[PDB]
Amino acid sequence: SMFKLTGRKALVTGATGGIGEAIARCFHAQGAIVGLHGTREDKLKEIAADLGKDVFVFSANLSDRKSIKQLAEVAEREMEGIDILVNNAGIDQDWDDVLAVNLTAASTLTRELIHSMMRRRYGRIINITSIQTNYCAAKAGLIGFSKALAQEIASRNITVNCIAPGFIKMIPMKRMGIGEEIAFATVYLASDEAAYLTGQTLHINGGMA
Amino acid sequence: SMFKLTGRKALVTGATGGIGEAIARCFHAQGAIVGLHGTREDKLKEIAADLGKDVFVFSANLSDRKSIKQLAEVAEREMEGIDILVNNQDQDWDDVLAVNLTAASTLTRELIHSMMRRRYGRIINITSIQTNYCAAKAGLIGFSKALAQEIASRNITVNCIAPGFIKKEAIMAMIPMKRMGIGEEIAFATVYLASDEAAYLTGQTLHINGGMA
Amino acid sequence: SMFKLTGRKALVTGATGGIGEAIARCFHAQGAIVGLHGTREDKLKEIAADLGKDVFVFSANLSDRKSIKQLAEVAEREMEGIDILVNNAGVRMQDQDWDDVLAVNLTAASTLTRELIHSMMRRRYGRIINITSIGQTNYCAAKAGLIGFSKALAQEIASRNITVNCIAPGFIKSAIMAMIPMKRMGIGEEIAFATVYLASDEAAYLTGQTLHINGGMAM
Amino acid sequence: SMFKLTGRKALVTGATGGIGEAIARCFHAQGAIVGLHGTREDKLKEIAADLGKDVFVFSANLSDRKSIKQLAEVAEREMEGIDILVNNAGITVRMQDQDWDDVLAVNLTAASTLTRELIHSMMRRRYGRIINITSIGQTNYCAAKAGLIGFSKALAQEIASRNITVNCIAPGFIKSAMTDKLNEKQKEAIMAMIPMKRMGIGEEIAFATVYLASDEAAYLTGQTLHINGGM
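Protein chains in written order, with this note's numbering: chain X, 139 to 347; chain S, 28 to 240; chain B, 45 to 263; chain R, 614 to 844.
Same shape as in the complex, but just chain X:
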């Protein structure tokens, strides 16, 4: 019908709780073949059991580069080609850790999977930013990475977009958001209907300034 993801293969990182879980569920309800990533194997299998069929579980430490490359190679083979990547995992030492986990991990995993998408002339990359100064830097860097990548691969029918969530469970709407509202947006961006939308950030935050 509309905004269905039937038969598309999606890898979602940080799929263990919160927004990543909600994205996972929502993708599945729209007919996607979903691959869940996290570090808690027990919590993942629990989610895959809740949903049932067309679900894969993967473990990887996204703070380790070799481990990110391993995740890509394995998810791509076992899922047989990835269509949609949702980068959703996040959180001097502090600065380095946040940049590593909130920016570099997404760009590493993205660059591993874009080649196959470029061959197929079809893909969706969706970066979910974190909800202080280190986080703001990594977040703004991820958005800049996303916009520049969008320009690079636009002619290959791959879109690259970000979602910037507000306060999720000084908001003009006078309520916090829920993870499923982020999920719905991710379905929209992932769908064929959003083929002409790229290089964008959806701020989902109740009107925050």
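There is no bait here: all hints are sound.
Simulated crosslink set (DSSO-like; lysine-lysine; CA at most 30 Å straight-line):
| hint | chain 1 | residue 1 | chain 2 | residue 2 |
| --- | --- | --- | --- | --- |
| 1 | B | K97 | B | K87 |
| 2 | R | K800 | S | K195 |
| 3 | R | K617 | B | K97 |
| 4 | B | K217 | B | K48 |
| 5 | R | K682 | R | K666 |
| 6 | R | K617 | R | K658 |
| 7 | B | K227 | X | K312 |
| 8 | B | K110 | S | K93 |
| 9 | R | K656 | R | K666 |
| 10 | S | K195 | R | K810 |
| 11 | R | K810 | B | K48 |
| 12 | X | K142 | S | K205 |
| 13 | B | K227 | R | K617 |
Residues on chain B that point at chain S, a partial pick, calculated with CB under 8 Å:
| hint | residue |
| --- | --- |
| 14 | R109 |
| 15 | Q180 |
| 16 | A186 |
| 17 | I191 |
| 18 | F193 |
| 19 | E200 |
Derived by calculation from the structure, the hints in this document are not laboratory data.
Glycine residues also receive a C-beta, built at the ideal position from the N, C-alpha and C atoms.
Place chains S, B and R on chain X using the hints.
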């Protein structure tokens, strides 16, 4: 059932061709009760008939303030409450500002009173695809962002869609994606924004333009 | 010397109070030949008298198009060419009158600008600086419309060495403070100093921009 | 005497060439006491000699964290306090991952490290200026630049109440050895992107840095000045 508009009342301006007609048809497909405004009454009824169920048709001069208030009053009454509004050299300046900015703000202001009373509404402004046009477009976006702040506490969202090139080819050189968009692509974005599933998304502009800078 | 406006002819609208007056005084101090627009003729003369020499005074209603065209006509003649235009001009229900807010805060600046770029284009040199407004929904709309106008016009005439920029002031001394990270209100002179910078030869490569001078306010 | 920097202490990184050198000369012309950082010790001394008075010279590898910390300590002690920091230094089978790490380290992390070392004293004096000059394979650079801008906007919120402003300048195409080398079609392709139909010059960036550093720009913070001829 995701992104359905079942039973929602939607008023679409400029529904007679192009993006407006595509939005009207998509809304109808998603279960919306649709009000079609335009200036070509024969075209409006042809479209209405083609849809064939729960359709209203309205004529009005959007360059005339009093005419806009009348459209609002009549549409709100006949449709029994509107949930979704889609707003779709000196003489040249005034006319472009009148039709591309002032009309949308005037109709929006008239219809939000009843949306606020129901604590539910969607306002979606479609901007134009030159310095008069840019002023009107930027004004509309600024209008949308400021209004979103004003009425967010009533569960009314206000968003904009800025279309790129819609269907020689030095145009194709301007578009990184290397194709023009089609009107249905604007329509799909309007459906998303109109849905219950976009309730926390307000004050935003969706730039649907294949990556144009 | 750096950031001087020596010899340049500048027309400043809404020059009788606040930011306008500060712009005019700062322009004069930096060597500009200054033309003051306003409505209150007496206030114009008081300011002109303080600056002394190199000052022109013009009165005109910016609410009538013909009156704006006449101002452009007269000022361009008496000053013998205008290089710098500062668009600053901003119970009757005023704020909830969309038509009026748009007329005075957007259309007026666009009408005057378009009367005066003609000669700037011929000379291949000029500066347009639009000072935006400091009910609220109407003002935001006119402000965003002005910034859009300025950005588009900047593209059109960049090749003629005319820059077009806006300054968007935050809270300026004529709950509030909780919104300003710097925990103070700005003063008019601070907008004046930004206007000097943009008007200068040193800002020749900066066009189509908005300087938000607001103590770090969000949005 | 408008936009003067008389008696203010300014540290300028990447000051041996291009924009950095133009900033340093402009600052010195406005009465600033200037600290020149770079890697070419001799090129630094030439510039210092030409300026002739109220100049200090420093070397440091901005890709090494301990070396950035050392620069901050030694510059602040020698200059007896730093009021203005201009983060200018940067860069314009290879291991693509290493190239990512290097661009982030040099164009984002270096600036944030030096800034964090120097704002404490500024916060104590309740006065200061942080000015980040962003860079002019582009995807890695765009990420670092966007990151630096986001770092600057956040920091600006954090320290606005201490009257330290934090701003960025994003230059467009500025004339240099590199642009001078462009062939006819490359040149014509670049001009078509620039409404003003000319490249900027380094002094144009310098003038903007003077503006932001001045007392006249005390209410301007969290901003990026795009100096790019309409691009």
